[PDB]
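Visitor: Each chain is listed here by its residues.
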Amino acid sequence: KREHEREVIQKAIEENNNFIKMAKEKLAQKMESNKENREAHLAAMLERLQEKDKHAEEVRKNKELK
Amino acid sequence: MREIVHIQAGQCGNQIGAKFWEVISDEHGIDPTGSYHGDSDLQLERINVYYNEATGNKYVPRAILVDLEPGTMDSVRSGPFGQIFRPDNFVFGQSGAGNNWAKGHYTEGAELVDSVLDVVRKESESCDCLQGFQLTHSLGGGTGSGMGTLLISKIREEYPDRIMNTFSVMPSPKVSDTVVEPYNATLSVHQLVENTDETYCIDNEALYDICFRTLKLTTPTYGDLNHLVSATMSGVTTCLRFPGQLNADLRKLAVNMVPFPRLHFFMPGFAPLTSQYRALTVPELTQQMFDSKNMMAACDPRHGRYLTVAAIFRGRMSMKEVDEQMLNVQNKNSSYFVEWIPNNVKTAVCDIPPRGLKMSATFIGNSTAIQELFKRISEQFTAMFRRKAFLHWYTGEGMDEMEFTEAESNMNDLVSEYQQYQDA
Ligand SMILES: Nc1nc2c(ncn2[C@@H]2O[C@H](COP(=O)(O)OP(=O)(O)O)[C@@H](O)[C@H]2O)c(=O)[nH]1
Ligand SMILES: [Mg+2]
Numbered sequence: 001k002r003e004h005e006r007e008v009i010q011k012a013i014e015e016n017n018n019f020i021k022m023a024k025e026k027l028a029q030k031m032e033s034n035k036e037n038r039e040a041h042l043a044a045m046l047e048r049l050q051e052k053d054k055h056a057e058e059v060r061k062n063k064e065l066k
Numbered sequence: 001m002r003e004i005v006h007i008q009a010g011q012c013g014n015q016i017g018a019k020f021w022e023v024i025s026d027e028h029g030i031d032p033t034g035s036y037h038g039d040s041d042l043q044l045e046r047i048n049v050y051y052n053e054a055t056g057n058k059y060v061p062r063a064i065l066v067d068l069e070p071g072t073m074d075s076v077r078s079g080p081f082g083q084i085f086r087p088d089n090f091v092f093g094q095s096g097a098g099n100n101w102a103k104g105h106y107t108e109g110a111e112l113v114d115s116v117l118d119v120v121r122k123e124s125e126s127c128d129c130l131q132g133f134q135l136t137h138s139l140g141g142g143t144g145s146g147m148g149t150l151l152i153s154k155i156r157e158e159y160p161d162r163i164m165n166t167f168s169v170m171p172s173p174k175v176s177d178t179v180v181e182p183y184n185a186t187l188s189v190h191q192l193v194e195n196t197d198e199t200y201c202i203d204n205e206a207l208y209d210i211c212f213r214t215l216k217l218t219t220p221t222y223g224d225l226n227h228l229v230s231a232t233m234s235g236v237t238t239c240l241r242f243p244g245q246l247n248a249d250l251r252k253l254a255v256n257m258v259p260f261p262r263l264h265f266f267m268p269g270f271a272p273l274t275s276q277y278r279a280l281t282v283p284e285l286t287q288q289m290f291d292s293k294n295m296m297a298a299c300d301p302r303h304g305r306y307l308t309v310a311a312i313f314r315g316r317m318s319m320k321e322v323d324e325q326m327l328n329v330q331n332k333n334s335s336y337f338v339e340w341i342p343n344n345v346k347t348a349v350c351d352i353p354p355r356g357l358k359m360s361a362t363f364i365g366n367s368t369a370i371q372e373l374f375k376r377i378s379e380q381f382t383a384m385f386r387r388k389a390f391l392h393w394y395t396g397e398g399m400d401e402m403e404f405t406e407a408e409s410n411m412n413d414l415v416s417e418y419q420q421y422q423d424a
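Protein chains in written order, with our numbering: chain A, 1 to 66; chain B, 1 to 424.
The shape of chain B in the complex, shown without the other chains:
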């Protein structure tokens, strides 16, 4: 299959999505107006995956921008590459969602969702073979969290045979906007367990830490986090946008990364962490990439076990060095890789590097350590729920404690399952 359909929902969603479109539009030689102006053919060979070709060369990101408040989307229309987006594809309400999962999922989002699905049909029907959808959102607010998951369900109802993929930003007290974030997160984790094939877990905690204690940025802004994010998103979408050995699809990825249906929550990592005149050595990239101080989650992989791993190496380097170093990471730390999935680390190389960098390495892990993230949230949730705090904001939207109870259970279960496989 070929074409992907991209969806941005909420503030955080539209911010990281706009950055992603800037970054890969640069990689593919597309100026802010939609005109190709690059050297290589490699830049246009698979451009059909993320861009719809229109009129005089113009390329338009197959993207749908969604929000319950007009702010962030105006911000987007206004800013860099602001007018590469089809103007029809801005779908927005006025009410807002008040960092409330119930509002985005049940009340306000329900109004907006049908107009979103309308734009979704228009894009999907203009595709030769739609692989599926990619959604960007946080799980801690209201629009992205609740409306996004509602969209995930709606879309699955209408395209049950396509692939659901999300970059979902997990909330962290270090970087918080509201106390209800654990609730919102636990609710959408519930949805995601059931309705996505692959969710990249972008944990704001890790982005903070890597901004603070590695990039040594004492006061990080959401832009500082989002540059880590857009770097990761370019990284993990590379082999889907560029020709090569392992021409990748969303399904094969799923098939190759998801041993068990529910355990589809991935940990991304990137080297070199930027914020670079000296390119690193393959050995460097590799070891940096597998260290925790380069994980975008928060979990330490040395605490659990890799079920599956995919590495992408971008730039001009020796494939011999790449294979040697990859096998060196495994053979050396063969304890952290399960023995019941043989040959579970795959590697790809693409010649085109990211902007600014000459050599780079991105990494995708189905590791059992993600249980830590989920556990963290579970705790925070429980604390409050145990004393039924801040629940009125949700109950007044028609919800019942039972829903929450169920969600919690599910996440708890997820953790359990993950652990089950850590001891195998």
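So here's chain A without its partners, still in its complex pose:
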């Protein structure tokens, strides 16, 4: 019986710890995937704007030949 008691309280400690741990993981995965996603979006936006810039240089060059 004493061993059973030690096992039960051990189970409780382990289960709370596993909770805190799985929480910490899940949250880190989420924060990191969010940061990767947001950065990707802003990168593609700035790159669209860069292609806009390159086409403006293209236009100016096309006129300085006419």
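None of these hints come from the bench; they were simulated from the model. For each residue, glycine too, the CB sits at the ideal point set by N, CA and C. Mixed in with the good hints there might be a few duds.
Now the in silico label distances, taken between C-beta atoms and shown as ranges [unchecked claim]:
1. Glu-111/B - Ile-20/A: 12 to 22 Å
2. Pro-70/B - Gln-29/A: 37 to 47 Å
3. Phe-19/A - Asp-300/B: 35 to 45 Å
4. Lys-216/B - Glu-14/A: 48 to 58 Å
5. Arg-121/B - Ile-20/A: 32 to 42 Å
6. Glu-379/B - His-4/A: 21 to 31 Å
7. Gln-83/B - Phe-19/A: 37 to 47 Å
8. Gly-71/B - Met-31/A: 39 to 49 Å
9. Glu-401/B - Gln-29/A: 29 to 39 Å
10. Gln-94/B - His-41/A: 48 to 58 Å
11. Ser-95/B - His-41/A: 41 to 51 Å
Place chain B with the ligands on chain A using the hints.
Guide: Just chain B with the ligands now, with coordinates in the frame of chain A:
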């Protein structure tokens, strides 16, 4: 053997225990300070059983007060006879147990239990011959229920040859604090089946009913119940505290009340039920005492059969009338007494009556009807368990459904065994 060691665990436990110490301290002439101030010698002849003598006459209840919350025990230190208790013997945590059996038994209680056992050793080692221990608790909360049973085990590990005795309050929907009470009860009934020699089953249901439909108290308080309780506890501890013919011990009681090891669950009864200028007649006391409307359980003895019975008669009356009426109750209703245990109703008389009363009768029954109490609980338990309700509170403390399953089975079995003997 002589000295008893008394333990109060939990709210209900410390409440009924504090009342009990008030009541019998009065009976024994001990003022709230520990000084004897009574007339008779009878009051001090066996005072060693429940009180340790100290310093200038001072008597100190050999009691250990235990709780996981500081409330009820502060309440006790504060109130009437509050400082008759050895201050060292207050052992308390701060967390509480949240009416959770798992918490009192496995997690929070486990922290506190070793300091309790420390005080237990200190008292036991200062005894000439320790009979055993008496515990007060409910089975429906968390501290009393779970921590108390854990203590029962611990103490049995350390004193396997002594007697375990409990006044255990059974829960009832009529008087409920939490829905998990059936679980808690079924868990500790399990422990009690295995680790006590004698448990007085004090059912809150009966105390309610007797408060409501007899004392005619429409709105009963826990004090109303606890006055019935302290009356019973004085009653059934009398022959252990007073000299006389059948100088009683806890073991002889067990030997004389427990035909089979597991069936050690007793039904107490008391007359006259109070809440009294006219003393009754022996006939009255007797018949009141054996009626159900005076049982502190809930079961009707006419539904099963007395295995063993002990009656105590307190006051000044004729022993001839006492013997006549006792044999009249048996000979008349000889159907409700098993025929394979000959001469199973014993009777004692003590001259000192309880406070307020001039004549009184207490009664202790090993009756098969207790199965009803257990059955009630089993049902309530099952209902919830069948849909695994409110189990998270326990599972989150490390427990498994298997434990519950086992417990249930055991109680079911108990009932069965009891029935087996009702048909014999
Ligand atoms: N008769 C009686 N029953 C009580 C008292 N206090 C609580 N109960 C019952 O005991 C159970 C609650 O347990 P409680 O003693 O408060 O919890 P604990 O402190 O964890 O052990 C419920 O079944 C209540 O009905 C009391 O003072 N007298
Ligand atoms: Mg409570």
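Visitor: Determine for every hint whether it applies to the structure shown.
Guide: Here is what the structure says about each hint:
| no. | hint | verdict |
| --- | --- | --- |
| 1 | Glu-111/B - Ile-20/A: 12 to 22 Å | holds, 21 Å |
| 2 | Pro-70/B - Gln-29/A: 37 to 47 Å | holds, 44 Å |
| 3 | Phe-19/A - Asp-300/B: 35 to 45 Å | violated, 49 Å |
| 4 | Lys-216/B - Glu-14/A: 48 to 58 Å | holds, 55 Å |
| 5 | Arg-121/B - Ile-20/A: 32 to 42 Å | holds, 38 Å |
| 6 | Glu-379/B - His-4/A: 21 to 31 Å | holds, 27 Å |
| 7 | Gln-83/B - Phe-19/A: 37 to 47 Å | holds, 46 Å |
| 8 | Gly-71/B - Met-31/A: 39 to 49 Å | holds, 44 Å |
| 9 | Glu-401/B - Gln-29/A: 29 to 39 Å | holds, 32 Å |
| 10 | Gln-94/B - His-41/A: 48 to 58 Å | holds, 52 Å |
| 11 | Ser-95/B - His-41/A: 41 to 51 Å | holds, 49 Å |
Hint violations for this structure: number 3 only, all remaining hints satisfied.
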